[PDB]
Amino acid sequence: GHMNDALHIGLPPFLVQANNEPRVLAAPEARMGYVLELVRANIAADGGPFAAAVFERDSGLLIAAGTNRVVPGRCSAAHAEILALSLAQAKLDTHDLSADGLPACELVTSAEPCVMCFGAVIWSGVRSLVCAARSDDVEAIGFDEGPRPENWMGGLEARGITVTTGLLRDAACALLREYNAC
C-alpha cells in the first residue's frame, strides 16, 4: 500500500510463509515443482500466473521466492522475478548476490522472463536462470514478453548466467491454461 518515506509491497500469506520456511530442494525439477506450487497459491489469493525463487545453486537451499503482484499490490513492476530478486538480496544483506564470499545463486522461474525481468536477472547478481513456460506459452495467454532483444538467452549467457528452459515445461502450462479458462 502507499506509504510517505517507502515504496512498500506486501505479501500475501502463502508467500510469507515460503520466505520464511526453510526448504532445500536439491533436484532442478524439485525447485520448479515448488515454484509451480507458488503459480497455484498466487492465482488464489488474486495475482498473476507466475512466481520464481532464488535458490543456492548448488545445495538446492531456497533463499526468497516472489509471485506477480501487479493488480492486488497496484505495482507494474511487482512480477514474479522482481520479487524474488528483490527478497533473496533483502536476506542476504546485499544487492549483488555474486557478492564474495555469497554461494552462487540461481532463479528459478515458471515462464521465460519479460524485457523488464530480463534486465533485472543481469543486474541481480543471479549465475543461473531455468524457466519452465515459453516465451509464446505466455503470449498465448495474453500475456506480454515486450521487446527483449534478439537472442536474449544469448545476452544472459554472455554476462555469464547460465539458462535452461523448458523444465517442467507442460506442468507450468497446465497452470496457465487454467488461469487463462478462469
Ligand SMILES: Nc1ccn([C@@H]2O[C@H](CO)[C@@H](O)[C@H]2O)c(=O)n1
Given for the second form:
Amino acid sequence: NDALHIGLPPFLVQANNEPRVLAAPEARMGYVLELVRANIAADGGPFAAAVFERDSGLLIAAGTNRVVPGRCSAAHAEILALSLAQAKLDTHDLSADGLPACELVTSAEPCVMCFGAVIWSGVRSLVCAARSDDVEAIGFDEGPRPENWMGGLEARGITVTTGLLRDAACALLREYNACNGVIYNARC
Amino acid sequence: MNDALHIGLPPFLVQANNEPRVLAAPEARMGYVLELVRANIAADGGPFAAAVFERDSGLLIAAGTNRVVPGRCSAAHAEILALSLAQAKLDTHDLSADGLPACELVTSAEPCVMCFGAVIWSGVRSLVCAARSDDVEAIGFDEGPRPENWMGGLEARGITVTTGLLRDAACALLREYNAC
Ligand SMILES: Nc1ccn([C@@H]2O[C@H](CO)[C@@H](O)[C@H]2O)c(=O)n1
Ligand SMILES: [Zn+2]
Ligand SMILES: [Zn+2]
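Mind giving me the form solved in complex with the named molecule, seeing as the form deposited without the named molecule was just shown?
Full complex below, order starting with the chain above.
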C-alpha cells in the first residue's frame, strides 16, 4: 500500500532474466505467443507483449496481462512490457539519447489505454498479431480509440505492422475463451 | 528492483494513501487533489495529481501523482497510480464489483488518451476534472490522440463527467510549474 507493485509470475521473470535475441519478426511474435499460452496457464489474460531492440532483435523486457491476479486493471501486457523495459534501461523515454530504437511486439492490437501508452513510451514501432476485429468478435473490448488510430501512430513516427502470425494468435484467443467458463472441464 | 513492476511513491504520497480523509464536498475533494499537485512538483514530479474517492461519502481511497520522470515510467500518470492503488487497497481489479461503494476519480486535469482508457477499464463511475485539455497543452503537455467527444465516450459507458472544477486554481499551479 506504500507503492504500486505488480508481481510477475515465475515464467515472466524467467523471460525477463534470460538473454534472448530474435532477429526475424516471426521469431519475435512466435516468442510473444509462447508467453500468451504460458500466461493463461498462470491465471492471466490471453495477452502478451515484448519490447525488443529494433535493429538487433535483443529482448529488453516482456509483459503479460496480469489484471486479475494482480488486482490492477492497468496491468495489460503492453503496460508491463513497456514499463519493465523502461525500468531496465533506467529511463521513462525509450527514445532517449544513446538508447537503441525499440519495438513493441504484441499478441493483439492495443486497447485505447495501451494505444496511448505506446505513444508516450518512446518505442519507434508496433508489431501486432491478432486484429481488433478478432479480439472484439471474441468478446474482448478494445475501447473507444480515435479514428484511424494506426494513422495517428504513423504521424507520431511510430511504424505499425499488424496481422503477424494472426492465425496462431487467434487460435490462442479462442482456446482461452473455450475454457473461460465456471463449469469445470477436464480438458481445461 | 528487478522482477515485478514496482513504482515507488514519494513520502507525501505514501502519507496521503494511509491517513484517513473524508471530504464530502466536490470542491473539498478537488482542493485536496490540488494540494497533492504542489507537493508532487516539490518532489520532482509532474504538475498532476488525482485521487479515488467513494462517490457519495467522499472517503478517500487512494491518491496518485505524475511520477513519470523520477519513476522512469511513462505510464506513471496520476490517474494510473490513483486507480491502481485504489484497486490494490480494495483487493480487486474492478472498482464496480458488486457490493463496493461507487467510486469517483477526482483529477487535477482532463485525462490523456492513455488515462482516458484506464478510467474506462477501472470501474469508477464518475470522473471530475479541474484544468481543461487546453490548459494542459498550454504548458507543453500532450493529451494525445483521444477519440472525438471523449466525454461522451465516457458517459456512454456509465461514467459521469464533470469538468472545470477549481479550474483556475489548477491553472495557477500549471503556470507556476511551467515558469519554474
Ligand atoms: N487489446 C486487449 C483487449 C482486451 N484485454 C483484456 O481482456 C478483457 C476484455 O476485453 C479486458 O478487461 C482486458 O483485461 C487486453 O488486455 N488487451
Ligand atoms: Zn491495453
Ligand atoms: Zn494520462
